[PDB]
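A lone chain, given as structure tokens: the form solved without the ligand.
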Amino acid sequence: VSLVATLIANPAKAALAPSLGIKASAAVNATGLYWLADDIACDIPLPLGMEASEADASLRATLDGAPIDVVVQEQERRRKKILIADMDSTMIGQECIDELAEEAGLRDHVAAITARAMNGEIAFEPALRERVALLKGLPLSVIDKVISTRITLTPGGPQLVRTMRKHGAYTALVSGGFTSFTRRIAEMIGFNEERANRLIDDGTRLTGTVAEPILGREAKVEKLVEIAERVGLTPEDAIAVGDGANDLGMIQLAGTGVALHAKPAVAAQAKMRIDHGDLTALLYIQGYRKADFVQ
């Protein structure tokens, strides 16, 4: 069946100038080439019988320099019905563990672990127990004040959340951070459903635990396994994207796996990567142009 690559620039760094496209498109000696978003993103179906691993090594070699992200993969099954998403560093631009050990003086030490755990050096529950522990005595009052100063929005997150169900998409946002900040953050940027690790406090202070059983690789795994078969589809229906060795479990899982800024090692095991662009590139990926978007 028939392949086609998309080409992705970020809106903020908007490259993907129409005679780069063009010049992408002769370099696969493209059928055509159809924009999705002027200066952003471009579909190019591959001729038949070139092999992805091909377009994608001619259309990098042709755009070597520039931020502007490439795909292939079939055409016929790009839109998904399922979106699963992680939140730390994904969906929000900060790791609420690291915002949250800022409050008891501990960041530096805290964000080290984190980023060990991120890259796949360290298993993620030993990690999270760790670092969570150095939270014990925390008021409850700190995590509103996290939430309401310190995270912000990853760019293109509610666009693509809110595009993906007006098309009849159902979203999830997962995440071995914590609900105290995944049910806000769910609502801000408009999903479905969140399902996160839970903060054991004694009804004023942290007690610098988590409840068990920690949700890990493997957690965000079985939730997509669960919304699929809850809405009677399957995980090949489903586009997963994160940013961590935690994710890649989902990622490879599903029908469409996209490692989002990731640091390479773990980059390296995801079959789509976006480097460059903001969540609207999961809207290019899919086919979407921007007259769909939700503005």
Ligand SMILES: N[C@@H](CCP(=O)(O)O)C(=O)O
Second form
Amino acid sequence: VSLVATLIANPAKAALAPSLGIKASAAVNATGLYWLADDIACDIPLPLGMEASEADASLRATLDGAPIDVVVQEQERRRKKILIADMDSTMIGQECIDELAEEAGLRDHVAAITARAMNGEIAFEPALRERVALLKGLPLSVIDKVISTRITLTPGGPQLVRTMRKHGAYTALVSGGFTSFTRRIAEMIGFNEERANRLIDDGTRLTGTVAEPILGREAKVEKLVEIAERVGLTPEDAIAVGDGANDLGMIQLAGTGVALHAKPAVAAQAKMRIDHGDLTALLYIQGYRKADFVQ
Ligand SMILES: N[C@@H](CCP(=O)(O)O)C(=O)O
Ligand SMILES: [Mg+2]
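Since the one above is the form solved without the ligand, can you give the form deposited with the ligand bound too?
Okay, now the whole complex, with that chain kicking things off.
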């Protein structure tokens, strides 16, 4: 029945000083303070009987103006055994579809559609079909070109995945993007599996269409359900993370759902948000100490 709050900074802007952590724990009449990573993350056991909304407000006020995330959850079952993570803008820094659109000279036009889709102003499937249509005729060679030159991994990604695997979790990269990208990215980072949409080609060029049925918001929910059943758990045993509206289904279903640097309307709908930390934040959310990490 007991609660814990966790404060989390970005390791590249590690502002959670010892004095700040004590101030915060004092602000909630805390029963102790445990450092998971110096200047980066600490656990604050909530005294019994405090509603979690109270502590979230109290901690956010004390920390106001500092780049430090606040999450509150029950201490039991906070370490999860399934990771399901979006790719674009979550484990990589880019949108694979916007990068491809550059090679058709249409980056800005396509990127504006992507922003509306990720904010939830347009359904994923029509938005994908509209953007992919504009890639018609691009040579297949363009995929390796984009991957090799413009895709970069998000900080903390490999450590999150490898540390969770080290502790026996099953990890999946589940994306509205393209298998030609996820297959490479997933093995770069170290996921157990990936699942994404598929660009159709004629053997030499992109046709400008995607294999149906398109995997969208509900497909991520279904894949989370499929994974939990196959490994003999439930979605409650999963942590899900993404930035876009098409991730809200899995974020809401999972036992721990994280809106990570999410679009404005997306973050508004998430129970748990990380706006300053990098992907290592999900390790601290789960109670890992830096000593546990795969370094
Ligand atoms: N963000 C991309 C979908 C790929 P993702 O699900 O983020 O890995 C898009 O708007 O088409
Ligand atoms: Mg995304």
